[PDB]
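Of the protein chains in this complex, one is absent; all others appear in place.
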Amino acid sequence: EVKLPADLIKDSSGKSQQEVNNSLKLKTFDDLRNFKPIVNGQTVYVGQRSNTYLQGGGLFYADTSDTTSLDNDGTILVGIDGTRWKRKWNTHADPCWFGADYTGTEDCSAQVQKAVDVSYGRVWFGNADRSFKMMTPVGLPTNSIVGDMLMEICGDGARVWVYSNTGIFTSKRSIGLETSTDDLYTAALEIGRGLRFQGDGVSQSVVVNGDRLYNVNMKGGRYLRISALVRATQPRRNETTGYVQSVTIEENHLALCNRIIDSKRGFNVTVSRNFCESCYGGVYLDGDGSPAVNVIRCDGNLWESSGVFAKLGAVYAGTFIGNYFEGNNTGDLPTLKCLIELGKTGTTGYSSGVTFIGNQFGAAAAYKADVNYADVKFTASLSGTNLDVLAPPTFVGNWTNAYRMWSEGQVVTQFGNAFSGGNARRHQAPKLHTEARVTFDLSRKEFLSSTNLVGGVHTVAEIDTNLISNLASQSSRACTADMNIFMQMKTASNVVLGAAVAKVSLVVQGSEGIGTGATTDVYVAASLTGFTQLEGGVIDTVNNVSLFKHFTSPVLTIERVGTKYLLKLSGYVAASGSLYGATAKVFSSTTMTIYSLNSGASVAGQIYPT
Amino acid sequence: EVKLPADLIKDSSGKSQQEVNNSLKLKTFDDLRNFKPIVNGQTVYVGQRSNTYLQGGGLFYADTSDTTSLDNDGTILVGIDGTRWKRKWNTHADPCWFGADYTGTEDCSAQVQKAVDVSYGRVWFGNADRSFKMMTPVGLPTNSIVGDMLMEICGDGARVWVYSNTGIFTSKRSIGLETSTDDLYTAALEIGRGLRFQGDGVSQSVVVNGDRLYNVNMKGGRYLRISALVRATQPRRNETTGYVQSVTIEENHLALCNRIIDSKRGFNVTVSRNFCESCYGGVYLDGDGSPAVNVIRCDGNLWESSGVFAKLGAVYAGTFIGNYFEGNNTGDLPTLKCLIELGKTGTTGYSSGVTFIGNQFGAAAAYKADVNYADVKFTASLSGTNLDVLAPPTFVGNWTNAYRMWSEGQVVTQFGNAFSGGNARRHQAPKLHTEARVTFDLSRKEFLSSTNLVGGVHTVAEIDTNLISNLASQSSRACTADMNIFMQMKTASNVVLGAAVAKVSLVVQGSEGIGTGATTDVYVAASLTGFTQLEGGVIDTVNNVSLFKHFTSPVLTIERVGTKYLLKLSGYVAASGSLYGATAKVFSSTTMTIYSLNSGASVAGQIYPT
Partner (left out) sequence: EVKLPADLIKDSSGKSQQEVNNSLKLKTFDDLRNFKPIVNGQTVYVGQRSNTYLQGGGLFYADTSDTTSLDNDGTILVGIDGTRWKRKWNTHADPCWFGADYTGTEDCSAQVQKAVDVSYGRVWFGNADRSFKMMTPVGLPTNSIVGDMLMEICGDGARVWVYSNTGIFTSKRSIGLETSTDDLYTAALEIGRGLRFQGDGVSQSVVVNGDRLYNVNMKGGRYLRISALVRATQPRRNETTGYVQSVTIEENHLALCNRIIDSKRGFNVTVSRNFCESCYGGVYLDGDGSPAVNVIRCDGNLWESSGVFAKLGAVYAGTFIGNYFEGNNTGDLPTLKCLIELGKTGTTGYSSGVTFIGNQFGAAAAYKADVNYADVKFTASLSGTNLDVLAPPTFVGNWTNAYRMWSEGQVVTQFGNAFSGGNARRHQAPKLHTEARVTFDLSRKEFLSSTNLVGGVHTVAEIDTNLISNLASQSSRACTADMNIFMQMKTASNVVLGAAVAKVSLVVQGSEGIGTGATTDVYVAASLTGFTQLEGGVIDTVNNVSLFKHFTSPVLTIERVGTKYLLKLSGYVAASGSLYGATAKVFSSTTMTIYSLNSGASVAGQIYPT
């Protein structure tokens, strides 16, 4: 009854109380454009974009100094009075500010593009209540490999439906020139943190256009039914196919994706520590280049119920450390019959420098007995004895239960691998001598003639058995061994006047299987199997001095001293009658080849040269 | 004196000016529930939850279309007039919205659970001024390994006091059925970014229930006096104990934690690049399974003043690359006397495929001379000569100063390791031939009879010394070597009519210790140590052709040509009188074993076959 309208009250600014009250009633963008500020620099809150679009709200301040900026329908809203309202924001741009459909019904790429332009490429898609749909490539601003920008595409749980045969994210400067042979790239991008990229699986969905996006860190994202995380099919620069360059795919959750990388060539590629579940294909870089892949690392990934993890071309400097493979039987795996393909395979070039360490190749039952299956398939270049240029791959400490871990005969060095249900011999690969319980030893010892020369018999070597006797078990002590005793006959000043080499064979055996009366002493029998010496050769062309034949039909004798054995040769006559004087010593470089296999578990025979 | 009450002024909405003014006085949640909106879709700001609870404030809009939603005391607040007020938020849920005690006095798990339910598992705990206490497991929504969700538990520095024997975070669908043998799991979780999990050290605190949380990335968090980051004790599926599956613990700050992982079985486990200070235990997965651990990687960790870093059972495909151990002497280390335990140890099964690369085992003074200490303790399965199934672990490029790096006699392949203050021999392990300065060479050369056959003497091999002479130092030149000359006698069309092998021993020596008159030429003396040839064997059952004895008591002669040496055998008579014709050449596959040890620093003798 007692009612005074607020329009009859005047605020000190000159505007009515009704106009002051109206600044708390700004629900939509249209309400702001129809609102006139009461003071200069006023900040008001707009609730949402429209009555149907519940996102896009925020604070807007009337920039009284700006009378020319255009309305962009997101961060600069121009009122009917001409007031330039500008959104207050110091973080990442939200495509919802510009009207991106958070229900996933319509293509929001144009609105995502608007958020890219005002944020210098730093876009954030919000929480899990939002689901966006992008069907048009969005271009990131141009930033060279040495540029001053850092771009990010991230979120707080939102979902992005992807519809693109080439990549919903690319370089802005390639838009309109998508098929250009020029390097229209942009670099330095973090993408995926807090984002769920998803495809429907019945159409093409590519997230990153690898033709145009270099130096990319893809981490922390979920990818579901995505045809390819990265794709590149555009020839440019020195390449006749598309290629990817400096892409790191790490710590993601991949599921039901057709490919991780889809291209023909790669530079500095990393795909490590990703949880991949039921993916139909991994890293495909199977072009015919020399090489196709310049460095790839695939470490600590999970690859379960999946297809071919990597179908690669020629690979230089490849590493695959600690991957987890379990029950993979889909995608191209039933046809290629391998988890990894390297060069050369078919038209592909030869690989060079690839190392597999600590992988588990847990096979589905179908490939345990498939004679045409190998975990890693390739052809090495072995027609020449020299392997300098095209180094075949090596395998260290891996575990498989498949028919084969690699193509038979294509690997030269491998140790520590496990072939559960199969055998190493089937791979036609060399076995390291260590796994045959063969160990090598060596020593250098000087035998002065004044001490080790009696009646033409010269001591040439000394071995010890004291550590053999120290072993606890009788069955560990015995061993056999070869000896290469390189003898250099020298004067007092170490001038070499002669040279020879002896080949000796040994057997070491003590008490074995004996309780009462057993001893720790172990005995050696030696036999001179070979001998050769130089009988000539000018070593001093000024004074006419030649290497001297010091031994005349030598015979080997050994003598036990304590626990040691002195090996000696007969028929010794020292050189003399020259500028350098007489031979004062025999300097012996002894190298032993010990065969440790005995009745016990000894892997290294403890005989050694002193 | 001149006072008109605001209740006598009417706003265009129909409500009084006093009611318009009241929308700026909403301090607590009770003020909002007692407030009636002036327009439809009005957004007002609530300052805090109550007069005592200073958090939980935010913007709320009157959803005029909603007349049925229930009050949840956090994001949907229903007023006395029936207005459904809904919080404006597009980011992560804050448990403080629902009343989580930010002082750490009362259990806030129920409020954390409320934030989980409305955020699809994306909870954020705020800044370092907050300290929460959780004593009841909070369950994350169900998401399979191929599910469409990505969940996160993160913060901006807040602290969470943990009180749980099983894990404050688990799967929601396991709540009420915690002891179920079914796989009531949920997957895809990022946890720890910007969060400080802390226990009091006098009670049980577990962060992640590994029985129910799979595909977990634990990164960026601080953990202080936490009994276990991950624990799993519930048997399920094919396992008779609890197990962890696809857990990655990376880039965290661990201090005074009792265990990193506490279970008996593991699948696809990663614990890398964590700063661990004074932790009493690391990765414990020491069940009796075959195996206990299916792939584990522990790389680049810091482990100082700590206990046993890893007490594991049987491990398949294990890798430990580049860890940093320094002065560890607490926890179970004084009893187990090792930094890492592998299978087999006690009841545990045998390991297969484990590689240690580039670790530093910096011991406390107590374990440098402890004969019962080894950095890595295990028992290998060496009763058979074949090591295909149970591949013993290998060690490459590690550094220790402890008594032992591994259990004596249990390692077959190891190179590049450093045993400061100790010795390699004490490990009873084979020494690679490369470390004994032994190098291998090989060549294939054809010696046509028309060129290399004079009076029954046939040239069979050719070695060169030109690169020996090229060496700068005299002491590097000399060497000795063995020769395996596999000779295949072939016709013009490369039909093999005979086969033999010669064993040759060589010594190479030139000027050494000589100034005036020295020459670069080095001389070779050879000796035929062994010879054998095939004298029969049907190779053509249709025409009745057998392998022919080409040599009759051969004698070895050598001839110096330039810098090369031609090795020749006598008593040669070519095969003839058959369908294939006469022997036209000797095709020699020469393999050399070079013993490089001399008076200099030569590690590879530069004699080689041509």
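Order of writing sets the labels: A and B. Residues in every chain begin at 1.
We take it that contacts are C-beta pairs under 8 Å (C-beta built on N, C-alpha and C of every residue); 3 or more make two chains touch, one makes a residue touch a chain.
Undergrad: Considering the whole complex, which of A:382, A:492 or A:579 touches the chain not shown?
TA: A:382
Undergrad: Of the listed residues B:260, B:295, B:321 or B:508, which contacts the missing chain in the full complex?
TA: Answer from the full complex: B:321 touches the omitted chain.
Undergrad: By the contact criterion defined above, which parts of chain B meet the unshown chain? Give residue numbers in ascending order.
TA: Here the touching residues of chain B are 2-7, 9, 17-18, 21, 24-25, 27, 45, 47-48, 51, 55, 57, 94, 96, 126-130, 156-157, 159, 194-196, 198, 220-222, 224, 251, 253, 255-256, 273, 275, 277-278, 299-300, 302, 321-324, 326, 357-360, 362, 385, 396-399, 415-420, 422-424, 432-435, 437-442, 444, 467, 476, 484, 486, 488, 490-491, 493-496, 499-501, 503, 529-543, 545, 547, 580, 587, 589-593, 596-597, 601-604, 606, 608.
Undergrad: Considering the entire assembly, which residues of chain A contact the chain that has been omitted?
TA: Chain A touches the missing chain through residues 4, 8-13, 17, 20, 23, 38-39, 41-43, 59, 61, 88-92, 119-120, 122, 145-152, 187-188, 190, 215, 217, 219, 246, 248, 250, 267-268, 270, 272, 294-295, 297, 316-319, 321, 352-355, 357, 382-383, 385-394, 396, 409, 412-414, 425, 428-433, 435-438, 442-444, 478-480, 482, 505-514, 516-519, 521, 523-527, 529, 595, 597-599.
Quick note on the criterion: only the chains that are shown with their structure count from here on.
Undergrad: Using CA atom averages as chain centres, what separation in Å is found between chain A and chain B?
TA: Each chain reduced to its C-alpha mean, chain A and chain B end up 11 Å apart.
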